[PDB]
Every structure is written in C-alpha cells, then in structure tokens.
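It is the complex with one fewer protein chain than it really has, and the rest are unchanged in position.
By letter and in written order, the chains are A and B; residue numbering begins at 1 in each of them.
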Amino acid sequence: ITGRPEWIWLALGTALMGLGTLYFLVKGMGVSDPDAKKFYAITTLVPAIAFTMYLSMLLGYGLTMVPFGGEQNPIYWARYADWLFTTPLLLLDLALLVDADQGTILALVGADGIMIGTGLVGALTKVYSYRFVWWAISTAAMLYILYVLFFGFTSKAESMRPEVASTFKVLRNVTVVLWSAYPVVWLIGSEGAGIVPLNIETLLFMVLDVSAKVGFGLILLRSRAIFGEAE
Amino acid sequence: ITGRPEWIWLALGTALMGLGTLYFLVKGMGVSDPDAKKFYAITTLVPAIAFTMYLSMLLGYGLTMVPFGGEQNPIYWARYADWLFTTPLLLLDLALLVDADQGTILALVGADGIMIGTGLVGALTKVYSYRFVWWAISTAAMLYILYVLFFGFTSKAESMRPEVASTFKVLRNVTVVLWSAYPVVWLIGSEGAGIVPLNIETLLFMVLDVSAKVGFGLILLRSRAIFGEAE
Partner (left out) sequence: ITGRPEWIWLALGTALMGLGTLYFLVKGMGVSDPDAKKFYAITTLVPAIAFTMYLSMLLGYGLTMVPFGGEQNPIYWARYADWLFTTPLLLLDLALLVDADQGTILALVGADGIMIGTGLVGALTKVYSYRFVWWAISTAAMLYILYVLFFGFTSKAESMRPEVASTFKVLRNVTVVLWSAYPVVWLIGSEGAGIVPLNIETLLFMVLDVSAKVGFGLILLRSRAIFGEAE
C-alpha cells in the first residue's frame, strides 16, 4: 500500500466515504415519509458505492497499467466503475426533486452513461492522440447534461413549492461547478497531458468526490424539500 | 486504421450513426408533449450509443483476437456492447407504443439480454463446436421475442388508436425482418462457419444496423402516434 505516494489520499477518501455512509444511514433511520425515503435511499447508496471503490484503489485492486507515450502508466480504472453508478444516482436526486418527466430522466441517465463510458475508453486507449478524441466526446455529453439542468429543470423548479425550488437551485449550482472540474483534472493529469503528477491528481479527485457526494448529500438531506407537504 | 480492409464500412457506419443522432437531436428540440419526449429520448440514444461503438471499432479498440480453428480470429466485441443497450431500447419504443404491461416489458428485456449475452459468449468461445451451442440458445431467445411481438402486442395494438396501430404494425414488420438477418450473418461470417469474409460481413452488419436504428427512428418520429390525443 504505502509504496504508492498517493496512498494517503486514497485512505482519506475511503474513511470520509465510509463515515458519510454511516451518518446518512443513521440519520435515515427515523424516516417514514415515502417521499423522504426515496431521497435517503438514493443519497446513502452514493457514498457506499464510492467507499468500496476507494477501498479497491487503496488495496491495489482497482489499478492497472496502460502503455502509452512509451511508458507503463498507472491508471485507476475503479474510478469509472464508481462514477458509472453514482453519477446517475446523483442526477436522479435532482430530477425527482423537480418531478421531472420520464423522457427527460432517460435522456440524462443515457447521456451520463455515454459520458462515463467514453471516459473509460479514453483512459484505457493505447494510442496517445486518440485518448483526447474520447475526452472530447465525453465532454460533449457532459455539456448536454449541464444544458438540461439549466434550460429544462430550472424552469420546472420555479413552478414548484418554494423550498424545493430554492434547494434545487443550490444543488444545481454545486453540481455544475464541481462536475465541470473533473474533465479538467483528467486532461492535465496522468490520464491526459501528464502536467500534474498522479499523487496531486489523486488529491484533487478526492476533494471533488467528497464534496460532490457527501457535501451534496448533507445539503439535500437537511432540506425540507424531501418531505411531502403534510399537516 | 486503413490496414484493415473493413475500415471503409466502419467509417461509413460511424458517419451515418453520428448524422442520425444529430438529426434526431435537432428534430426533438421543439417538442413539449411528455409522451413524445419519451420516444425522442429513447430513439435518439440508440444511434448515439451505436456511434460510439462504431468509432471504437474504427480506431481498433473494440477488436480482439480469439484462437479457434488453429487461427487467431479477429472478433469485434464492441458490437455486443452496442447491442446490449440499443436492442432493449428499441423494444421499449415498441412496447410503449402499444402501452404494454410491465410484466411483458420485463420478459422482453430479459430475453433480449440473454440473446445478446449468449451471443457474446459464443463469439469469445475457443472450442469451435461450442460456439454454435451458444448461437442456438441465443436464437431461441430471439424467437421468443419475435413470438411476443406477434402474438401479444399485435392484438394489443388493434384495441388502440388507429394511428398507433398502423405505425406499430409497420415498425413490427421492419423489426422482425431485420433482426432475423443478424443470426444468419453471424453463422456464415467470421464468428461462425467463415464462409463470408470479414470485410463483407462488416458491410452487412452496417446496412442492418443503420436500417434497424436510423431507418426505424425516421419512421417512428415522423408518426403522429407518439403524441397524445390533444385538441
């Protein structure tokens, strides 16, 4: 484990995702509202999945070597197995908050799968220049997601209860800022141009992951928007 | 790329799926009917997924070598990753058109997963004679799907609006004819008996894919069956 300088950030990430999972699990014990139960189930699964994948990276299972640039490059593939399941769950939290229609939910989840799937292909591609073709396709899929979150959901939240509109607006802004950083870290990190070393890259993804999952969840599950209007 | 004679058909397929995706995306911009939005989302995702997998084959990522018959045989595995997601989406288009019940939808999607999954196992199997055992199981799963589309959905469409009944009947006939060709191309192509060479096999799958996805989508999204009855 300790033979890799980035191990400290993988261990911290593992701990923070595990602690986040347990807090949400305990906090959700005393909840019977069927609407609130939906948000607790979605939001608790997110850091639980991330916990297992951070642990796999810490123990060395989620790491492979990819030859490109005449070098064997360490690629943590477990990140994409994490994101494949956690990013659509996070979008479902937002879509259920605004009572989005089914067709829009399917478009979001499908574009998200394309985003993560093409990012994985780009991470494992051995022809250096082709890695950035996949990065560009994946980034186009992300821009579609961000467009929908702004010019489809925002207008839908305003016609909703005030507390669900204000909570959505906050979580929307958090998501757009944090998610946009991921393609940048990829491009300048060891998967892309190799400007930033792997140990610093790992620290950046850990800060982003914890903020986008645990921080996101703390804002959502403390809001009254997750409960139905009741007397 | 150009070192493979089949590259021209992979490049054409990539272009036609990309163009198809963009047309459906633009055409769906001016749509607010929640029913129509469902069909546009399903139908636009189909060629978008196929685009990415054709590109992976063009660039050489979606290709592996499988030893059988005393030879290293080029097997494009990316086809099955495509079909795993696009064939159930196409069946969902048909099932939603006739307002099929949930139990029937699950049976269709499950049989479809078995069809594609066993076809993938057959494509990667190293014992030559066993490849055709998997082909037979996969073909049995397809025949179940075709039976349901005829002796379960057809009777359901007649009790529906006339425009949804006539549109379903057309898309049903297109699907049964085109899908039935796939097991035949597999059997006589490089995955099976090896009668037809890979470059011709690739041309045939490209014609079938574009027809079953883009051609299918053009018929559906030009129909009024996708809109609810409104004044």
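FYI, contacts are C-beta pairs under 8 Å (C-beta built on N, C-alpha and C of every residue); 3 or more make two chains touch, one makes a residue touch a chain.
Colleague: Hey, which of B:52, B:86 or B:118 is the one touching the hidden chain?
Modeller: Answering carefully, the residue with contact to the hidden chain is B:118.
Colleague: Just to verify: which one of B:8, B:12 or B:107 makes contact with the chain not shown?
Modeller: Reading the full complex, the residue touching the unseen chain is B:107.
Colleague: Sort through A:3, A:34, A:67 or A:228 and give me the one touching the missing partner chain.
Modeller: Of these options, the touching residue for the absent chain is A:34.
Colleague: Residue by residue, what part of chain A touches the chain that was omitted?
Modeller: Counting only chain A, the missing chain is touched by 34, 36-42, 44-45, 48-49, 52, 55-56, 59-61, 85.
Colleague: Mind listing the chain B residues that contact the chain we can't see here?
Modeller: Residues touching the hidden chain, for chain B, are 101-104, 106-107, 110, 113-114, 117-118, 121, 124-125, 127, 130, 133, 137.
Simple rule for what comes next: only the chains that are shown with their structure count from here on.
Colleague: Please report how many Å separate the Cα centroid of chain A from that of chain B, as a whole number.
Modeller: The computed centroid separation for chain A versus chain B comes out at 30 Å.
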